[PDB]
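One chain comes next, on its own, written out as C-alpha cells in the form deposited without the DNA.
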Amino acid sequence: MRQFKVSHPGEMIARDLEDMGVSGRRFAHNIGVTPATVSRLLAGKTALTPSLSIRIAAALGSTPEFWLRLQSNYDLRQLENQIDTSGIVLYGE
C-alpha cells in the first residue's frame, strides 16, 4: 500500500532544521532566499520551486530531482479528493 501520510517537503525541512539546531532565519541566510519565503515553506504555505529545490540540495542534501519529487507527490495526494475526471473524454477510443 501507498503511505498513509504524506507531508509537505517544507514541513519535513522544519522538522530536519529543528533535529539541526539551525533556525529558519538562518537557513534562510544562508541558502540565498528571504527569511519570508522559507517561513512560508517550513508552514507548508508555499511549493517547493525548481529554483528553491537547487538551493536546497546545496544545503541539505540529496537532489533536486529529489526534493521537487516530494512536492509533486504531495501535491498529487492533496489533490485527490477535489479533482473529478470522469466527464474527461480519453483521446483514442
Contents of the next structure:
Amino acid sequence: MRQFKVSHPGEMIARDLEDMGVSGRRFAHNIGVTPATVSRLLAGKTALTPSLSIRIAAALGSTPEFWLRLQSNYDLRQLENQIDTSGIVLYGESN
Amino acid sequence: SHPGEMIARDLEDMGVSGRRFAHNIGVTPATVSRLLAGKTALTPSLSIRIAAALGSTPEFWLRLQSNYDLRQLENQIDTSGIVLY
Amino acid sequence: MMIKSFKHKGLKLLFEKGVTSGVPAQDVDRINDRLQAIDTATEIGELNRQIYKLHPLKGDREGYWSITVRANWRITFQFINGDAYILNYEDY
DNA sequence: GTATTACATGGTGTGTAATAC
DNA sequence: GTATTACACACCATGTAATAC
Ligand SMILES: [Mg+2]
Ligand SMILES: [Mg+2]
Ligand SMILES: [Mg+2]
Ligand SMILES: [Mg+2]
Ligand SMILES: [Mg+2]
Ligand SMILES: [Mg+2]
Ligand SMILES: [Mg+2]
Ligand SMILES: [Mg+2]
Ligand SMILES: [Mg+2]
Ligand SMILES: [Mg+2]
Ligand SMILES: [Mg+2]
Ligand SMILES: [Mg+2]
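To test you: the structure above is the form deposited without the DNA. What is the structure of the form solved in complex with the DNA?
Up next: the whole complex, starting with the chain shown before.
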C-alpha cells in the first residue's frame, strides 16, 4: 500500500538486536561472520546476501526468503525514479 | 529453475526475439542471452525493466532469482552451531 | 501478504504518509519495522519470530493474530487470502 | 572490549565486437 | 533478422588489521 519508509533489513536487525540486548560481536560469533561484516550490514552499507540470509534466519527466525525479500523491496525503493521505463513497451494485448 | 526460463517462455509464446526484447528494455542482446540461459542474475534494476515489458511486479521477478540463489546454496552453509534467540 | 486496510488511524498515518502524531515517539521505528515485516511476509510463519511472540487470537475474532511491540502493547490484524486486512495498535 | 572503516581482493554483471546462422 | 560468448572493465561484498571512544 506504498509504505512511506522502507528500511534496509540490516537496520531493522540492528534495532532488534538493541531490543534483545545482543551486541554486534555476539551476533557475529553466533552467525559465523566477522564483526566488520555485521557492522556494515547493520549500518545498511552492504546488502543482506542470500548466504547471510541463511545464517540470519537460523539466529533470528523467519525464513531466508523473508530476509531477502526485505532487501529486495529496499533495493527497489532506492531504484525508484532512477530508471526511465517510459519508452519500454508492455508486450501483449491490452486488457 | 533460473528466472531466465520463465522469461524465455513469455518471449517464445509472444513471438518476441531476444534482440527485440533487449532493445525494448534498454540492454544489449548479449545481456538478454546470458539472462535467458541462466548464466547471469536477474538484478533489481533488470527486474524494473522486465516488469515494464512483461508485466507482474519487479518484486515477483526478484523473488524468482532469490529462490534460485537459495537453491544453489542448499546444504552449503553449516548453521548447526547457530543459536536461535 | 500485502496490507489492505487499518482500524487504528494512528498506524495508517505512519505507514502511508510517515507521520508520528498517532504513535509513541520511542516506538516509531519499532512499529514501522513490524509493519514492513507484515507487508513483506508471504504467509504467517514468516512472522513467527520469538521477539514477536506471534500467537493467534481465538474464541473472539478467530482468524486474527497478535504480534508484540514492546512490553504489553501489541499489533493486531486479520489474515485472509494470503493478505492482512484490519491493522490495530492496542493492549492484549 | 566494541565498533568502525580503509584497503586489497575476488566474484560477477554488462557492453563491445567477433563468430555463428 | 537471429543468437552466443571472450574480453575488459566497473562495481560491490568480505576479510584483515589499524584505531577512536
Ligand atoms: Mg553499499
Ligand atoms: Mg502491449
Ligand atoms: Mg507484500
Ligand atoms: Mg572508528
Ligand atoms: Mg580508520
Ligand atoms: Mg557482485
Ligand atoms: Mg557494470
Ligand atoms: Mg568496454
Ligand atoms: Mg568467440
Ligand atoms: Mg558454433
Ligand atoms: Mg568474496
Ligand atoms: Mg585479503
